[PDB]
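Below are the chains, spelled out letter by letter.
Protein chains: 4
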Amino acid sequence: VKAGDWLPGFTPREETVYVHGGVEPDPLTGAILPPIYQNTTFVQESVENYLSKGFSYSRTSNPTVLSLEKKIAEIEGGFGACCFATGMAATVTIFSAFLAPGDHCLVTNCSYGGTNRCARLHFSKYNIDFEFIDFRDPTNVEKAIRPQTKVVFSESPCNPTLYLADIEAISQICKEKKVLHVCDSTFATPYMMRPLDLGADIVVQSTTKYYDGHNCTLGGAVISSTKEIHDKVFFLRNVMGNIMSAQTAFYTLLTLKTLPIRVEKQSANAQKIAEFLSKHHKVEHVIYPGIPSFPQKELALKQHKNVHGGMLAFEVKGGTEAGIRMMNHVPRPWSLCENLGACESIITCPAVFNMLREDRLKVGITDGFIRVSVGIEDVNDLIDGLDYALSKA
Amino acid sequence: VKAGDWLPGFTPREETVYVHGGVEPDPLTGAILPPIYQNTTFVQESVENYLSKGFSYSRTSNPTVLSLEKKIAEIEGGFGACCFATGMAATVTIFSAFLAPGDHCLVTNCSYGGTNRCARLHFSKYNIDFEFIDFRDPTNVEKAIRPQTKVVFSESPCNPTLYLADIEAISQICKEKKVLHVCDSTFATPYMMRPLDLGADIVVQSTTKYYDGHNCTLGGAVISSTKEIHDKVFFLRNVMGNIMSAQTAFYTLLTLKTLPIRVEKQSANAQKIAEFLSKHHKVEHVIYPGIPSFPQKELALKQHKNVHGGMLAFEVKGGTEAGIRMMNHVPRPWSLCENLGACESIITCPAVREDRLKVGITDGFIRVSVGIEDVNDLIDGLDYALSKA
Amino acid sequence: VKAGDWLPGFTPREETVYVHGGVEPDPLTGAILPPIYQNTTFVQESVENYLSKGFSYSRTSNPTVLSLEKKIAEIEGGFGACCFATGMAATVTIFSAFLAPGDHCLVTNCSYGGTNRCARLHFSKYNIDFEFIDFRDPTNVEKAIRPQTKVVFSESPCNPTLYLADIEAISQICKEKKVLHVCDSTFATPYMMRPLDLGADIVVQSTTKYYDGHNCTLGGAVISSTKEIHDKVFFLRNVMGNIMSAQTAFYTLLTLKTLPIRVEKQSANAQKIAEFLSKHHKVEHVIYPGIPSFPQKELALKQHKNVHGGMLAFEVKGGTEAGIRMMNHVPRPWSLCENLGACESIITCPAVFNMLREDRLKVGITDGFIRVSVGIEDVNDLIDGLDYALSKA
Amino acid sequence: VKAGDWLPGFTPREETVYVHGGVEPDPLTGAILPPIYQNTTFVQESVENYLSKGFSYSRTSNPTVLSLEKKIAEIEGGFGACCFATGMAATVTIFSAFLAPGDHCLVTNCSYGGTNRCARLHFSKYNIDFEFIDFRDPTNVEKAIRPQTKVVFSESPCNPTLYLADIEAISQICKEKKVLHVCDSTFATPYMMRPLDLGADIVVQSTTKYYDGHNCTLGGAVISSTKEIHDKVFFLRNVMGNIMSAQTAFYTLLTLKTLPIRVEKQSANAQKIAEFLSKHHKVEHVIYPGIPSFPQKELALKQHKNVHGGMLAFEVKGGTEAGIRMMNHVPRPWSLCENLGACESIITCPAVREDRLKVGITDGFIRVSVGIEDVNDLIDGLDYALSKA
Ligand SMILES: *Cc1c(COP(=O)(O)O)cnc(C)c1O
Ligand SMILES: *Cc1c(COP(=O)(O)O)cnc(C)c1O
Ligand SMILES: *Cc1c(COP(=O)(O)O)cnc(C)c1O
Ligand SMILES: *Cc1c(COP(=O)(O)O)cnc(C)c1O
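Chains as they are written, first to last, in the authors' numbering: chain A, 22 to 374, 378 to 417; chain G, 22 to 373, 381 to 417; chain A', 22 to 374, 378 to 417; chain G', 22 to 373, 381 to 417. A prime marks a further copy of an entry chain.
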């Protein structure tokens, strides 16, 4: 074994895979990072040697994007990954590939807003029936499967309610039923939970959130457990032209290296903040998978590795008015905006940042429902700011 | 009127719009170029001031992408534009927005391969009927329109045959029929043909090609004639997650500035190369709108402005094997690859299928993208290559 | 000869060199554009194979920067090129390499402000004597050469007066005198004049201006006629750590492709604008190498190929007050700012955008002296805006 | 105090400054990250409003670079910071600004190679006398100060020996002597040592190393304790044309956010690797501030905060050939290259010169940059490599 070779028969440990996975020094120059292939087209040597060097057009595939895809397939435990302009585009590509008119698709009722909206507002017009059910109980899913069900789409934890789905149990049901199991583990990251290890057929990620974790790029990823699934997604990406760009792939290859340490820090910070809010006289409920009153504590302890994540939610006593005063008074370092998973701590109120009382209520997004993405700042500053805002609420 | 203002009541001339349309110096700093908003989210000042600064999340809209969209809307003469990760995503978004199960869509039979394939192989599974017809006679279009027809999709010039479609007549037909006319004018560029000026309801562009013209970025654009259409596209883009990145948009804002002079040069070179090939004994036919042998020269002279474009095609005597030997022996500066519209001259023979000769792509059919190299190097390379055919 | 080879024994024509010079498809993937080597360090195969792949540290050299350097050396007719963070850094590196205390350096008295300032304010403290003389007459230079003269630094055309220097004649003198001839041909571009073809030893370029021509990047280049000179510059760049970045190199590799067509359009526009101003009753003098009253018309016709450039200057009747009203009233498309050579037409007043009357007068930068960089907009818009501003002056 | 404001009278804690220092949401859009001002010039509103928006030309200053400079000034506790294309340009600019013919400058004898070489081989031709001495005893510094001495240049820890300099004592010596103290704390990072807090007049940083920590960018920074010093540096940077690019500054603004957790991890790994090597029979000596065998452990415990850093060094028994065989057989995840401070673990043996052993770099001297990989992979690779020594 020489410098540049890995030791044979060794599987690199996890953090090493985050640092190096799917990437070796440039063969041509030894460049330690992958060069950015900011180019549209790739010259062919001859008609007979078409694609011999593996590339022809970046809408189809691109060397930088491919390096990122390989690293992501390694980190998530999948056969192959496909990288997309956004997480919404990865989601939409799954829905586009595996559903046809007359098909049934069970979706967690607490899915990300955008996922729900793309299902109801758009894909339903193709006479695809999306049924949104409670995924907390796996028997609910098992018995909601119909003969037209082709896809079961789980999310865990859920955006923003933080409800968990038992991925292993649902995967068990879907295998027995011969149904595709797709799971959106954006809130979890592979550091906390890898649905493909838990039996999922497909994982969808918004790399915008934690993969990036820097509020820098948009991106999506579809990680497939088999070559058939992977090739289907690959084909449809080429057709829908929603592939990720080389520059975004570079950014994400760079930010993935620190995902484990980032998520550890965010999660410790979030554990402390959730405990603080748990004791606060102005706070009505606190949802965080790591505090002992979490209603799905057992599933969390079963399913979450290392951490319980950077996301939490709470409710301020007083209702919408108090929540709004609180939001309007949360100071820096906090940011009042959308997105999550970033180094920068973010706070938002999903119910004021278009629908009706009863929907957001049945969903769990109450009127004072504040969603919180914890970053890597000093937790004492973050709690100072929350405490101030709360005294103002 | 002081420094930094456009004169009220005056309209910039064409090239000025390419340089400056949709962009002003940065209000905060005066930066002559718009900064790159390489950021995903935008901080809101309060709950009630939500969106007061115009942005929330870059998947929905981004300032750099918006400046490019304003430029493109100005260049193509439309109400609004939306920018996409690719031309194929733009096309797909039109299909997704304006078709439903049971609808009918007429598509030019000589469309870009990708368009034909996403229609026939994906959207057709939603029980959408795509009919491919010959758009060279607008009477065909008029006769083929059904009551379920929602979209007529033209492309002019066509890839790779360079067939032309009469955008104005087709638009009058669709207006009378209240059907949406979408035109893919990627091969023309707005510098030679603007379908919105000719009555098209929507324009689709692969900005990858000429807008970029540098082999650098991928991109797509949908330019909408009306606010209703543009709002629909915008909403669907947000739902599809196929918006263009801010970095890409910065690149394209940069490269658009030289589109007029780039296309002037490419078309000069293309005219010269077409005349050269028109005389070569190894060459069966030459297709370029700028030579008298062009079948649709009347429509060409009516519809094309400034130039006849950087794209041409030609047939080499001897069929597929001849074309292949030529390709294998085309020297630099030519590049054998995909893509078109670049400063780098590109040659390809898409053949290397009885529906090919129905789509007009024959055995020795060679599509040629003329760049801005010295035309003598390009012609000398072509002449050598042909000596090996 | 196969696809990917050039025809043997052919020298590619000029515009072809701008499009392709110093760049071939990526050997590894066939990528038509050079990949961006956004990386600091390059992995070595072994101790004995150190530098075998040619790179180790991007402060010293970088593959993207090297591609740009090769293209630039081709376009300018030099042995080798060295690319720098800015044009000021290239200039400073020349001054740093070839002057020592006690040395004499003749500089054109109408050099770029920054060049003059770095000479007087900084390098003079090393007891280097910079003598600034009129370069319009080559005999002035010949007879101003002293035994301590090591460097003759010409600029042509000059920023902003547009004075020309007879590069061939000065090169002749410097050869006979055994003195280094450096020429800053930023205003000219190699499309109009290549001092290395005219006998210069070194060419300095601010690639910020026309190489870029898009107001996008900063950059500098030093093109050396011999390997000795080139290696000296290379060493000193590594030591002073002012190399250009891979990303800026990519941008410039991309913008160089259109330099010929850009400069043709800018120059036609500038010829028209200079004629218009030549006829304008509010304009006192107009300087443009292309109009028939240019005082150095003969040298211009001798020395300029294809074009007379995008730069012009004029003076408004009325003095500083009229000039200021005019500047304050020039509308878009014009931009009131610094820089030049860009697609965007730019106007500025060097004498109000810190010194004294008599210096700016002896220099030629009069009080109403407006410098104009013409872009590629529609010339009718540009003349409309100038005419408006002038009616306002 | 509403959303978007810092509480008046409060000072952010350390890690918060790494995330947020010197940056606010974009006033125009609310963009949570500052846009990239990839532009050369800035449009002025009028002749008299010249510079009213703060910018004119990116060689002189640029908004992205300025936001990074504000962050860095906050992190290092200085009046101001200027950013440069590289660490070497920062060092060079200090030498250019503060030395003149006939001046004297004391420089640590175990400085980074580049610093020693730009002094001995370039600036010495301006009749500037550079004296290289042993900074481990501040009495040496005090005794070596001449009336022509203008700059004392310390570096702590030193590259590659990891010698420490007592920044506080040296600063007191230079204060009494009214000589400028510049400290290159590149190896320490402000997370472990901030020389400005210890009395240094100037800090120089290669942001290439830990500030970046990703092997991505080159960069330098000069942090000035006073406005006089900072204005001098700024003026000279404008004259030298060696400012940092806006894109680089964007990258570094990004990577700085994780510097604390990166360095925490690297130093944990480094402590474990040093303890491992301290026990290996093939290893002569191990140099890491965090083990009891460290000669300057008292100064280490006094001057280092939080961690003892990601850098270590060690000597392999058998000399140069042993070190070389080890290097040739260090496996992945290790990278054999230059640079340090990255998430990617890097190893090198700078030897492959009687002044080497005067500068303390022996035959089997191996400098090691510990990244954030799993320490077991790193130790296993080192153990194999050593089995081949
Ligand atoms: C944000 C999100 C998405 C959408 O991904 P984008 O990158 O914003 O398009 C999908 N799933 C979850 C859980 C998400 O949070
Ligand atoms: C290439 C092309 C497209 C597709 O655009 P992409 O950017 O490659 O996805 C659409 N129409 C035409 C005419 C095209 O040539
Ligand atoms: C602008 C200029 C320079 C300086 O180059 P920068 O890129 O601005 O540092 C040098 N010479 C001339 C003629 C110039 O115009
Ligand atoms: C590398 C280094 C430098 C030089 O910085 P660059 O960015 O490589 O130019 C200066 N000081 C130390 C300690 C260094 O290690």
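It is worth saying that the hints were derived from the structure and are not from the lab. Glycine included, C-beta positions come from ideal geometry on N, C-alpha and C. Just so you know, not all the hints are guaranteed correct.
To be verified - A few chain G' residues that face chain G, going by a derived Cβ cut-off under 7 Å, partial list only:
1) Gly51
2) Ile57
3) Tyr58
4) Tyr71
5) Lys74
6) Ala165
7) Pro168
Now the hints, each set against the structure:
A least Cβ separation of about 4 Å between G':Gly51 and chain G falls short of the 7 Å threshold, and the interface hint therefore holds. Because the closest C-beta pair between G':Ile57 and chain G is about 4 Å apart, less than 7 Å, the hint holds. Residue-level restraint check for G':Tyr58 holds (minimum Cβ-Cβ distance to chain G is 5 Å; threshold 7 Å). Interface restraint check for G':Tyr71: the shortest CB-CB distance to chain G comes to about 10 Å, outside 7 Å, so the restraint is violated.
The restraint placing G':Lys74 at the interface with chain G holds, with a minimum CB-CB distance near 5 Å, inside the 7 Å limit. Nearest Cβ of chain G to the Cβ of G':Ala165: about 47 Å, over the 7 Å cut. The hint is violated. A hinted interface residue such as G':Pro168 counts as satisfied when its beta carbon comes closer than 7 Å to some beta carbon of chain G; here the least separation is about 46 Å, so the hint is violated.
In this structure, the hints that do not hold are numbers 4, 6 and 7, in rising order.
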